[PDB]
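Only one chain is given next, in structure tokens, and it is the form deposited in one PDB entry.
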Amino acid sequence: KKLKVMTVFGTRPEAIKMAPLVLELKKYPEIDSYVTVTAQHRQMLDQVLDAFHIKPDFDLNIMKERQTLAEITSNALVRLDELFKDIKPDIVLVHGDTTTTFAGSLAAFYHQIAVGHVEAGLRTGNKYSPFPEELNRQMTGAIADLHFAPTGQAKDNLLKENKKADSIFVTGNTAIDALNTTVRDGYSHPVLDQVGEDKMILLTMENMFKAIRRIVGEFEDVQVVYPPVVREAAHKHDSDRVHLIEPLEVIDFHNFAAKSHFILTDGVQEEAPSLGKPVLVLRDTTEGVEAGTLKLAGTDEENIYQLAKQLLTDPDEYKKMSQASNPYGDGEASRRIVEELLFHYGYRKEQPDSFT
């Protein structure tokens, strides 16, 4: 009758990236969508779950605090095994490279349940960076029946590992998708009022703080929003237009990234880009750096200052980064995913088009 699909959450970065997908799943009569939460402190996923109005079907308390990787792995494994024991979904959708993402895929394999891997194919090439992230990705790929690659790069990796072409779909990052639900206009926040209609620059070694402070001190029409470092930061920034606030949470961050002129960071480099906000990255090597959606800053005062300065003055180069279309998302990823499932499982005759 209906194809039973189960999405499995755990961390907040996952809740977002998977929320749009849990929603797309709802628009289709053929699908019977379940949401499984694999988080210790549920207090973590409530915010996001409410923003999308998702009410989990299953909730597995899975302790990750004060526990080794093996323990986490096994706890996650034993709980998920006992869950799939009862429910028996046709396909299990899993995301990224978290330990739980691996455990559930493995747990699903033991019961022979199919596994669709969201945000599949990212590789560092180095087995210990990130650790254990990279191998989690690598091991989940060996299980995954379907691979939802965000980018052709990722599909090339999957292909280079001998995975059939016919099972890899370039989707574009579901992250963008989240934006179209998280970014409202009526966002209320005092720190964003203190900014009013003045160019607002969202900020994520002290040279950075020295470079910006100047920029602040020189451009009265500019303001800085800003989530051993909490100490050194407070010294460089007494400043009336550089608001040193408390760490904003994803839904919050997105809104800040929304009403901000441009952002400085050292992740965000995929979300912001589709919100038309230029991003100066503070690194020499960054694993939009070729699309014009993310310019490369350094660690030097001059460079950071000159570059940050350029965006405020030069109207054209600023508009260059504000018009540059995001290479990771066109916000129709969840949908191309569910449309693929349905075609795969023979519910529909036509398959979607890979995102380009």
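Between two forms, the rigid core is defined as the largest C-alpha subset superposing within 1.5 Å. Numbering follows the first chain given and starts at 1. First, how it differs from the form deposited in another entry.
- For the listed set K163, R123, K199, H111, the sole C-alpha moving 2 Å or more between these two forms on a rigid core superposition is that of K199.
- A displacement of 2 angstroms or greater separates the C-alpha positions of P315 between these two forms, with the rigid core held in common.
- Residue displacement note: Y328 has its CA displaced by under 2 Å between these two forms (rigid core superposed).
- Once the rigid core is used as the reference frame, the Cα position of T181 differs between these two forms by 2 Å or more.
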Contents of the next structure:
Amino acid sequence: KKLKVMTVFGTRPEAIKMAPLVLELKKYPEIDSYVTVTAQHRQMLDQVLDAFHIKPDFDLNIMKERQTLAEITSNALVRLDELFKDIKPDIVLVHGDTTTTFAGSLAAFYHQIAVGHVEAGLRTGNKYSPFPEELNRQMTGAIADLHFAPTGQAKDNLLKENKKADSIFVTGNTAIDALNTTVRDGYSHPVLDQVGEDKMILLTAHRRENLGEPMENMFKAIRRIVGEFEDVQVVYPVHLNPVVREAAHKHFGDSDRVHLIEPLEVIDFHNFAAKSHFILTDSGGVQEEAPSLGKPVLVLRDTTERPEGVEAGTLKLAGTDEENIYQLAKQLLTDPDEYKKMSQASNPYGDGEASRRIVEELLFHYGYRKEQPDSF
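Okay, that one was the form deposited in one PDB entry. Can I see the form deposited in another entry too?
Left out here are the partners and the other molecules; the chain alone remains.
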């Protein structure tokens, strides 16, 4: 009989990383696959689904404006529970570390449905950084039957938590599957036109634990850089969270050389990253994409769960102190040795074959294939 697989996800980053897997799953005659979105994000999720031309089988439309963690958890849980009364897949695949990831896993567990965790095992060891992502991924790890770890270090993290080695596979990150298709040699954009010959710093900031004072500190450091370096401009595709938007407007409204724009489609964003001089970000996904692009990243966090990019020299933790961020950005602008150190391209997160590996592992595990795939 055909293996019944359901992907469950709800946000921009999950959708970008899950879309290559959703498309891979469809290529296999022995799999009957379903796509379920919680729509924890609405506009930002639809931007991705539309770009990949993916239409979900089920769309739970849960997003509320300025929603709380309790609200997302309850809404996702209740709606998925209702879904699972009628449709019973053999396995539910969740992604990464959102509240949708955890609620999806929990709803599946409550119906005794098996769970596979895509992007399993990332850790900072700090329950409040990132908040609540660190616990979302740890609690999802308690539920998951199969763990698709992007890297060996992620697998080691799960081993240290007493997970069975034979339930964890090192696949690479599906983000690289997508990234390997988007960059364009001849790329053009109206915003890049007005940047012109100036150095471009690409900025995103949205971590929950960074809202308020930490983000004010980041933005003050950025204002100081722009004021001091005349040949520098910032492009900031601003997250739809109104708390972020308030902070962005407060600091960068009336700035000629900081461009506040709507979130970019992923092909556009990847191409902006490729064109950037360097990146300031607190994004998870951007940290995994940057090494492939050989693009220096100052990570505006006190922690990271991407140590592989740090080892490659691409990623440097800058924290959230104003002066520290200023000094690190100034260094990248004025020290060619430091810039060179941070701008060597490598592929520590994937080779573009992660989706294939995940599906082939599923097929092996359930007895459809006699052989296991290669590891990343």
